[PDB]
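Given as structure tokens, the chain that follows is alone and in the form solved without the DNA.
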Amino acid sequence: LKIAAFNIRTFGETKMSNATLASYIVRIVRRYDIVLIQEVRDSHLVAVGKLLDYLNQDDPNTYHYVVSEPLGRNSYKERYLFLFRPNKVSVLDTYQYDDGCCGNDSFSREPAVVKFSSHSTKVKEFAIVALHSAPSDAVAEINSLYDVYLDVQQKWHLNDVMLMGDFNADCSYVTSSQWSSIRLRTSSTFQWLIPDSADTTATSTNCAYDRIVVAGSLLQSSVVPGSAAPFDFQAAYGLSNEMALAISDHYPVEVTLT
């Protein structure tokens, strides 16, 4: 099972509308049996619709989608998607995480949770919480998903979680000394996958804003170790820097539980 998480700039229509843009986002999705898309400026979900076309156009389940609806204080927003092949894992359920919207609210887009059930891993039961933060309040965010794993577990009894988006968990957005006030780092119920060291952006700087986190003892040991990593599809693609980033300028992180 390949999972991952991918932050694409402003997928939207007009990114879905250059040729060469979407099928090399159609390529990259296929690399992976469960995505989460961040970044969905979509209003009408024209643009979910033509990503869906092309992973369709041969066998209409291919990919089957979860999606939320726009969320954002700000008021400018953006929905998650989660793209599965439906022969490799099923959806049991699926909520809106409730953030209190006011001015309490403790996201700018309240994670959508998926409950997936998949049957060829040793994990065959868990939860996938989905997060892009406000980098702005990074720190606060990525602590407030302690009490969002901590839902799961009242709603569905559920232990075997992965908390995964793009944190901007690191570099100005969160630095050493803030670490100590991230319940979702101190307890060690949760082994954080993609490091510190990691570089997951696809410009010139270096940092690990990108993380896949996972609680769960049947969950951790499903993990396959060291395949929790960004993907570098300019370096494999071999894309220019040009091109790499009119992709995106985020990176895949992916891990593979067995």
Second form
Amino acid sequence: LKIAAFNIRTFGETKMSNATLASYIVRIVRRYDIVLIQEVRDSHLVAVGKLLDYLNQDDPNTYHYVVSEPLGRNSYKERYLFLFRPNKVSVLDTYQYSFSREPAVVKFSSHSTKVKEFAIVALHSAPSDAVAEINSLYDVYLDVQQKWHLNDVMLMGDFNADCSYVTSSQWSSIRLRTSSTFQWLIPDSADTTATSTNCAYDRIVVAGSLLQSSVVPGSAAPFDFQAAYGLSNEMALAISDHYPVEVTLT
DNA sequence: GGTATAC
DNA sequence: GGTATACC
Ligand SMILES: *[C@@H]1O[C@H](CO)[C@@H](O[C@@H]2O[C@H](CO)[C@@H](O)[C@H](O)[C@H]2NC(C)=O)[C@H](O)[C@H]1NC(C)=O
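Now show the form deposited with the DNA bound, given that the preceding structure was the form solved without the DNA.
The complete assembly is shown below, putting the previous chain first.
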């Protein structure tokens, strides 16, 4: 089971409109069984619909999705979009959890893996308030545990956990980090941006031993579509300034 | 300070 | 067509 969290810079009607960009986006999503897409600025699900038309042109049940409402304090809004292969997994529940874009949490049943039921917390943090936000994920964690009696939780997204947004000294005041409950599959040494900058913005965190035991070592990593598709830096950036981070459960 | 979008 | 962001 392959899972990915992908921040697609301003996914919307414009981006999905360009048959080329769309082609690539589609190709990327298809690698996965469950993919979280962030930075969905689609008031009307017009772009999300385009995507699903492509994904499901050969069959209408290749992919189902769960999308959250537009999240944001003022006029700027983003949605959390969960795309999934209905034949490998099913939603058992979902809920909207201090945060700019409050985490959307989804619960999945997985028949084909060691771990059977697990939750995914999605987070696209605010750059300027990343520290506060990654730390609050500790609360969300506790929240999920209380509600669902579930220990197996994968927390992933464009957490902005590096460079200017989370410094070396700042990591100590982040509970999701200091707690040995959590294993950070994407190290601070990974490069997850398509730009020149070398930062580990996108991450995947896992709690619970069933899950932790279901992760295939050496499987979690950024997915550099530039290199994989021998795309030009300009083409690459046109798709997104971030790379998908992925993992494989067994 | 810049770039960029949605709406 | 100004406002509200995500980055550099
Ligand atoms: C799909 O978007 C791409 C990427 O931005 C477009 O290709 C860019 O087009 C501009 C304007 O012609 C160029 O100056 C760039 O060189 C292009 N990039 C590549 C890497 O070819 C493309 O124009 C898109 N299309 C639709 C039909 O309008």
